[PDB]
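*Asks:* Below, each chain spelled out in residue letters.
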Amino acid sequence: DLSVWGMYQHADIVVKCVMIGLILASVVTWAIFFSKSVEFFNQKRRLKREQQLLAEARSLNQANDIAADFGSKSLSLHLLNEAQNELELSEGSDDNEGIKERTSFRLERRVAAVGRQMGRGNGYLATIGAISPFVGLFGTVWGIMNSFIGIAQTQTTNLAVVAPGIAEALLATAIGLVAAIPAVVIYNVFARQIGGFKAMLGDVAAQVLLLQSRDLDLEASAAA
Amino acid sequence: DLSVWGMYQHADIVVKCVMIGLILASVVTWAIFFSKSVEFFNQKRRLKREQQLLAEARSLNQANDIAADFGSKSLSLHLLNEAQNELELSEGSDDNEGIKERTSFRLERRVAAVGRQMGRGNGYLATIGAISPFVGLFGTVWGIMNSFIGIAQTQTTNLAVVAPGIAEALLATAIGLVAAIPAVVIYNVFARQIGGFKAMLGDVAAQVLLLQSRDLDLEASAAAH
Amino acid sequence: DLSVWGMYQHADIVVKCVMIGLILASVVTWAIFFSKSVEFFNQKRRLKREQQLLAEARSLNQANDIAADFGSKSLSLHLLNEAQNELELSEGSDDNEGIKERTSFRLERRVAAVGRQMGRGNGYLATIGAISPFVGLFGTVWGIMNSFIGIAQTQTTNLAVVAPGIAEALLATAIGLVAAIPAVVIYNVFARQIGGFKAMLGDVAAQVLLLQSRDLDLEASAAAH
Amino acid sequence: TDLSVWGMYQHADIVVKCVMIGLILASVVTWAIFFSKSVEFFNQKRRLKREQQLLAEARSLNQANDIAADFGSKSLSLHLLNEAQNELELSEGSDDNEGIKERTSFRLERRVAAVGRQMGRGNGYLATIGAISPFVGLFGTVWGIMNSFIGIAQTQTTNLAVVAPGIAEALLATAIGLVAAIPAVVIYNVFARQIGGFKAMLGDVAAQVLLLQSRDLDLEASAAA
Amino acid sequence: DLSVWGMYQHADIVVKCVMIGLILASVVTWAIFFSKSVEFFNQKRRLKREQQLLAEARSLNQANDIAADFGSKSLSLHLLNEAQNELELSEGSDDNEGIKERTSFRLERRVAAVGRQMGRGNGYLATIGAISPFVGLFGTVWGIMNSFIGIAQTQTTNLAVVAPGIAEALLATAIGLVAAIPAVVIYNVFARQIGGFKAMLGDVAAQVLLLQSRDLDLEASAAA
Amino acid sequence: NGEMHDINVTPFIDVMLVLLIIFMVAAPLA
Amino acid sequence: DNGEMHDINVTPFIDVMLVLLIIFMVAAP
Amino acid sequence: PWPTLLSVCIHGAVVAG
Numbered sequence: 009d010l011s012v013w014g015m016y017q018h019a020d021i022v023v024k025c026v027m028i029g030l031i032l033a034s035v036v037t038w039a040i041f042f043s044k045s046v047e048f049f050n051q052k053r054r055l056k057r058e059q060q061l062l063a064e065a066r067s068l069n070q071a072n073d074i075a076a077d078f079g080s081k082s083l084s085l086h087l088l089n090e091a092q093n094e095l096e097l098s099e100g101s102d103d104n105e106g107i108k109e110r111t112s113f114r115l116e117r118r119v120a121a122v123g124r125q126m127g128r129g130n131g132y133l134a135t136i137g138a139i140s141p142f143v144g145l146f147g148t149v150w151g152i153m154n155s156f157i158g159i160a161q162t163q164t165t166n167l168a169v170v171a172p173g174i175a176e177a178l179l180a181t182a183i184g185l186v187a188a189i190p191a192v193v194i195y196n197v198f199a200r201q202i203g204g205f206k207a208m209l210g211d212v213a214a215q216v217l218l219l220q221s222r223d224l225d226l227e228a229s230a231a232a
Numbered sequence: 009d010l011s012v013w014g015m016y017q018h019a020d021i022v023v024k025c026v027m028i029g030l031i032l033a034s035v036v037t038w039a040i041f042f043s044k045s046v047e048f049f050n051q052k053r054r055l056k057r058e059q060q061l062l063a064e065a066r067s068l069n070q071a072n073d074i075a076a077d078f079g080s081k082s083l084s085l086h087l088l089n090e091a092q093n094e095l096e097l098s099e100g101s102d103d104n105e106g107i108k109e110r111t112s113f114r115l116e117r118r119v120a121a122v123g124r125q126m127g128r129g130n131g132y133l134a135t136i137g138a139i140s141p142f143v144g145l146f147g148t149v150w151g152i153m154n155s156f157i158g159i160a161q162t163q164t165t166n167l168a169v170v171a172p173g174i175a176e177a178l179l180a181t182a183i184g185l186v187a188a189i190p191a192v193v194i195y196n197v198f199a200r201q202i203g204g205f206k207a208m209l210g211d212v213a214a215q216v217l218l219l220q221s222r223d224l225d226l227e228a229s230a231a232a233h
Numbered sequence: 009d010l011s012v013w014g015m016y017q018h019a020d021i022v023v024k025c026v027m028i029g030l031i032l033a034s035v036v037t038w039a040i041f042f043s044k045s046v047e048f049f050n051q052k053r054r055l056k057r058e059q060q061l062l063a064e065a066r067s068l069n070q071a072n073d074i075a076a077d078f079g080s081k082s083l084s085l086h087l088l089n090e091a092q093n094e095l096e097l098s099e100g101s102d103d104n105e106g107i108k109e110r111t112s113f114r115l116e117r118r119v120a121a122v123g124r125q126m127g128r129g130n131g132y133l134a135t136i137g138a139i140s141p142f143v144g145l146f147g148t149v150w151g152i153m154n155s156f157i158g159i160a161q162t163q164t165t166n167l168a169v170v171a172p173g174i175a176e177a178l179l180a181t182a183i184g185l186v187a188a189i190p191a192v193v194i195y196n197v198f199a200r201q202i203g204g205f206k207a208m209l210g211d212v213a214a215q216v217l218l219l220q221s222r223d224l225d226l227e228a229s230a231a232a233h
Numbered sequence: 008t009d010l011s012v013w014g015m016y017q018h019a020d021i022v023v024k025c026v027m028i029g030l031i032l033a034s035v036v037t038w039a040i041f042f043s044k045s046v047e048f049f050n051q052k053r054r055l056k057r058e059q060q061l062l063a064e065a066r067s068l069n070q071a072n073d074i075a076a077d078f079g080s081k082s083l084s085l086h087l088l089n090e091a092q093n094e095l096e097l098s099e100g101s102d103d104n105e106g107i108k109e110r111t112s113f114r115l116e117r118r119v120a121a122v123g124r125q126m127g128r129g130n131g132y133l134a135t136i137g138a139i140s141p142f143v144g145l146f147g148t149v150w151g152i153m154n155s156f157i158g159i160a161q162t163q164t165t166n167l168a169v170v171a172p173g174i175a176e177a178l179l180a181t182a183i184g185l186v187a188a189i190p191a192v193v194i195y196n197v198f199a200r201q202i203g204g205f206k207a208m209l210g211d212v213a214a215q216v217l218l219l220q221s222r223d224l225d226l227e228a229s230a231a232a
Numbered sequence: 009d010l011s012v013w014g015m016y017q018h019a020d021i022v023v024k025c026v027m028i029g030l031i032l033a034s035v036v037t038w039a040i041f042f043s044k045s046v047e048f049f050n051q052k053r054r055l056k057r058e059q060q061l062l063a064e065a066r067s068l069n070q071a072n073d074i075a076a077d078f079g080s081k082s083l084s085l086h087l088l089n090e091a092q093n094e095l096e097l098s099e100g101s102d103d104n105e106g107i108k109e110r111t112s113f114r115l116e117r118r119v120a121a122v123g124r125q126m127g128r129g130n131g132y133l134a135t136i137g138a139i140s141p142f143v144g145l146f147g148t149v150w151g152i153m154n155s156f157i158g159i160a161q162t163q164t165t166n167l168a169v170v171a172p173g174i175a176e177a178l179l180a181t182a183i184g185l186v187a188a189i190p191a192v193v194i195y196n197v198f199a200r201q202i203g204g205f206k207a208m209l210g211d212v213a214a215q216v217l218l219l220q221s222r223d224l225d226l227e228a229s230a231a232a
Numbered sequence: 012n013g014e015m016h017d018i019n020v021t022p023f024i025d026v027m028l029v030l031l032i033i034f035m036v037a038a039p040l041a
Numbered sequence: 011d012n013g014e015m016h017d018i019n020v021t022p023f024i025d026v027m028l029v030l031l032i033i034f035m036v037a038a039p
Numbered sequence: 010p011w012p013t014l015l016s017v018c019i020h021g022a023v024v025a026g
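Heads up: the protein sequence lines correspond to chains E, A, B, D, C, Y, Z and F, in order.
Here the first sequence is numbered in the authors' numbering, starting from 9 and rising by one per residue.
Here the second sequence is numbered in the authors' numbering, starting from 9 and rising by one per residue.
Here the third sequence is numbered in the authors' numbering, starting from 9 and rising by one per residue.
Here the fourth sequence is numbered in the authors' numbering, starting from 8 and rising by one per residue.
Here the fifth sequence is numbered in the authors' numbering, starting from 9 and rising by one per residue.
Here the sixth sequence is numbered in the authors' numbering, starting from 12 and rising by one per residue.
Here the seventh sequence is numbered in the authors' numbering, starting from 11 and rising by one per residue.
Here the eighth sequence is numbered in the authors' numbering, starting from 10 and rising by one per residue.
Incorrect hints may appear among the rest.
Beta-carbon label-pair distances, calculated as ranges [as the list claims (entries may be wrong)]: (1) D211(C) x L15(F): 56 to 62 Å; (2) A199(E) x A232(C): 52 to 58 Å; (3) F113(A) x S43(D): 45 to 51 Å; (4) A231(D) x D211(C): 38 to 44 Å; (5) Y16(B) x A120(D): 36 to 42 Å; (6) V22(C) x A120(A): 52 to 58 Å; (7) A39(D) x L32(C): 24 to 30 Å; (8) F113(B) x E64(C): 15 to 21 Å; (9) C25(E) x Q163(C): 41 to 47 Å; (10) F49(B) x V12(C): 47 to 53 Å.
Here's a subset of chain A near chain E, in silico, CB distances under 7 Å, partners left out [unchecked claim]: (11) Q70; (12) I157; (13) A160; (14) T164; (15) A168.
Derived from the structure by calculation, the hints contain no laboratory data.
We treat Cβ as the ideally placed atom computed from N, Cα and C, and that holds for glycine.
Generate the whole structure from the sequences, applying the supplied hints.
*Replies:* Right, here's the structure in full:
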């Protein structure tokens, strides 16, 4: 009778719902992991190559002519368009440092916005990591409490009557930790991996700014 | 004998008081949730709709003209008419960089102020999510002490005569975790909603600064020609 | 008898010293709470009254004429006269960019120094909120250990010979939680109250920078025209 | 019949076998990272400290290049000097100097960040293993303990004679968890200390390059005036 | 007997080793506390006097004349010399904003370097505070394991012969926490004492920047 | 975001202490 | 911040307490 | 969506019990 599967089937409905809720939370934290691991791998793999192509660039118009080969989903092409658009909107200006300040502000906000867009699912991982121990312990305490109500009702001294109830209660802690540990680890992996990706994207945005900054100073110098 | 209320009522005055305390914490941690979630939504929807209209604007003058139909409680209108106010109070100056630094500073201060005003309730949620299992554990430990004093006075030896006392005790911790779990998920929902919202408001504030900054530089060029 | 005070009387010297240590940490937590809560209600109620009077100002001279009625210990007057002093030390200089820079730096330094001084007590509360549950835990370990001494000395299984160790472990847990709960609650409410106050004082200091920056522009424009 | 600290692994449950091999894998990777890091990190810091002390003599950026010219292509100090020199030889047509100073500051800031970000390579493992290994040990022990309560329930019998092997397995999972966690925390804290020291030393070389560049440009501009 | 000394004397060599390792950890965390507390007291007492005297200054030359008799270890005299040394490296420069920026960058580097340099032994306190609980727990788990291996190979089952063996195991948790709590308290105290001191030193460095920046632009404006 | 994302273990240690003390009272009486 | 880890972590004491819980359950009745 | 199908597949197997 008392396999681990039989131990679930004989337990109280409250702790059975706790076990099912922790199994579903486990399915979610693994579905988020397989979803995002592939996505961050593809974006990291692409962006690292776009940076190698742009490393050859000497002026912003040449960086545009390189980046026109990049797909319309590419983040480096997006940044370069965020820079080029601040030029075309400013076409009447004789002040150049206003173009530099406005472009730096736009690109810094774009890098932050992309970095935030990476994080969409992480609220589930953070929550499931934080609450799964507590949901497990509620299942354990409820099972233990229910067993002592059993002893009060059946008025029987023998602790061997409590041993099944203790196993059923400890299983809720075990399943609680099996839901918690992957979620806490994977949240820390993605938090570090997003920080690494934001920094790589910032290094591309910095090259766009450096290219524009030389290009404007050379053009303003060559005018006199 | 019973398994829930039979033990709750037989329980002593401090276990009673602790269990009432956690039930009061549960109701406030759900009132905050219903009270905030309808507002945060009306804020998120209204600000998102305003940003989608303002994103078309090409000058701060045009942005004022399209924002003027927004309600008096509009966050974006309350930024646009402040960038206009900073330019109006400064009208005797010819220092465009001086107007830009003052407006940038004033807009940042207001974006932070709306951020503080959206996050008002989170102090309760963050506290209740941290303390409530320990408050339950105190109720349980004092319940065990009262059961232990109870045996040490009568020196009993029947496992069943202790069983109802130890049960009640655990209920306190069970109620402690039931108060804790909602407060942690509800806190994380609002922590993530605040992060997204302050950033979305920050992008509207940034558009006001970009429109003003570009408009001043073009106006100075057109004057000097 | 076998009462809770009899349970304290019977406990080992190490567990008495854990209980007495945590009771002293508890009473000084409440002493510093009653002291700082009054001092945070006084300063915040006063500062709210300043900002509301000072928000009328349209020149730095009018801001001084409003602030002159404020008491010697008023934080806002103590920010106005920093901006005034940086101008009066600098009358020989026409680099208004330098006056604005030096003033902004002094005011940023002073707002940080007031926040830094206001936080004095928080280091104690933050220590007790983290440490006191583990000081409790050490007393529970000592109680559980003394239980095993009791059976090892008597080779007998009964409740009455383990009883002193259960008694000690319960008291060490209860007093450990009674120290921890108010310390982590009070640390949160003061961290919230300081975060609000330091930002509100920043919003008063910002108004001083706006008024000074505006005055120097209007003066420079009038001198050029 | 009898058992040993190997025989109990040979007599352990699948889950507990799998957990113990999992923490043994965590143990061998943390020691592999310690040797992989420390042999390189000692040599990198020992190099950079010699470069910093040798460049500290310099009075101009040309004098720093004449010192650095034989530090070896892998020297971070030569890499920063040459990559600051690279901004001048790209800006040759610029009569504006503050743009060169600004761009060089921005380039060197990102190179200092990138080299620090590259040296932190192993820390994801060390922080994860140090924080999470005791929870994996706790899961392993809870499974062994739960199985021992099933052994009680199955046999309707109660003696240390049947349970002692079961708790010996359950403890061995915890002991292996502690043997994995302790080195990982020690190794993480020594590399956090050493990284912080190296980051500041590298930032000081980067600051020396900016100071040398800016002072030389400002003096060349004055000599040309 | 079964006193604390009797338990230490009778314990297994590994648990006996863990007790000695934790007592050495207790000794070094108190030796660090008494070594550093007198240096933080002397640094605060001296620096507060320097800041109280320098508050009278109205030019950088007057601040040097006030500072002239400060001991050669003094952090305020070090900061005045860092600023003075920039002016006499920069003698030919007409770019006063260049001098201000170079000085501001140097004094920020110096202030950060002092605060980093004086927080030297906080790695031992952090490490001892983090691992002390564990090593002690490892001593208990090893002592408990040896007890049962004993009972499992010798049958004859009774809690009375295990009881002293698990008491002298539980003692290594007690010593493990006695090593932990001082170290985690002291590390938290020193993190705040460094934070307060680094800020006070920052306010002296700020006065040097204010004195330099003001008297530099007054002298430049008076030359008109 | 100040999202709570980490296991604070002390509630558990203390609920396991409750579980220990409960049976450490009841079992020698049984 | 320095990014080192200095927190009091006592997690494996739960493992000791499960074993003590077993000792009382098995030996004491 | 393969992620959720692959997740419920790897769990489904371990939850055979």
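*Asks:* Confirm or reject each hint.
*Replies:* Tested hints:
{"no.": "1", "hint": "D211(C) x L15(F): 56 to 62 Å", "in the structure": "holds (58 Å)"}
{"no.": "2", "hint": "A199(E) x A232(C): 52 to 58 Å", "in the structure": "holds (56 Å)"}
{"no.": "3", "hint": "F113(A) x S43(D): 45 to 51 Å", "in the structure": "holds (48 Å)"}
{"no.": "4", "hint": "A231(D) x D211(C): 38 to 44 Å", "in the structure": "holds (39 Å)"}
{"no.": "5", "hint": "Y16(B) x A120(D): 36 to 42 Å", "in the structure": "violated (58 Å)"}
{"no.": "6", "hint": "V22(C) x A120(A): 52 to 58 Å", "in the structure": "holds (56 Å)"}
{"no.": "7", "hint": "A39(D) x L32(C): 24 to 30 Å", "in the structure": "holds (29 Å)"}
{"no.": "8", "hint": "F113(B) x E64(C): 15 to 21 Å", "in the structure": "holds (20 Å)"}
{"no.": "9", "hint": "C25(E) x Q163(C): 41 to 47 Å", "in the structure": "holds (44 Å)"}
{"no.": "10", "hint": "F49(B) x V12(C): 47 to 53 Å", "in the structure": "holds (50 Å)"}
{"no.": "11", "hint": "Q70", "in the structure": "violated (13 Å)"}
{"no.": "12", "hint": "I157", "in the structure": "violated (19 Å)"}
{"no.": "13", "hint": "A160", "in the structure": "violated (20 Å)"}
{"no.": "14", "hint": "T164", "in the structure": "violated (12 Å)"}
{"no.": "15", "hint": "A168", "in the structure": "holds (4 Å)"}
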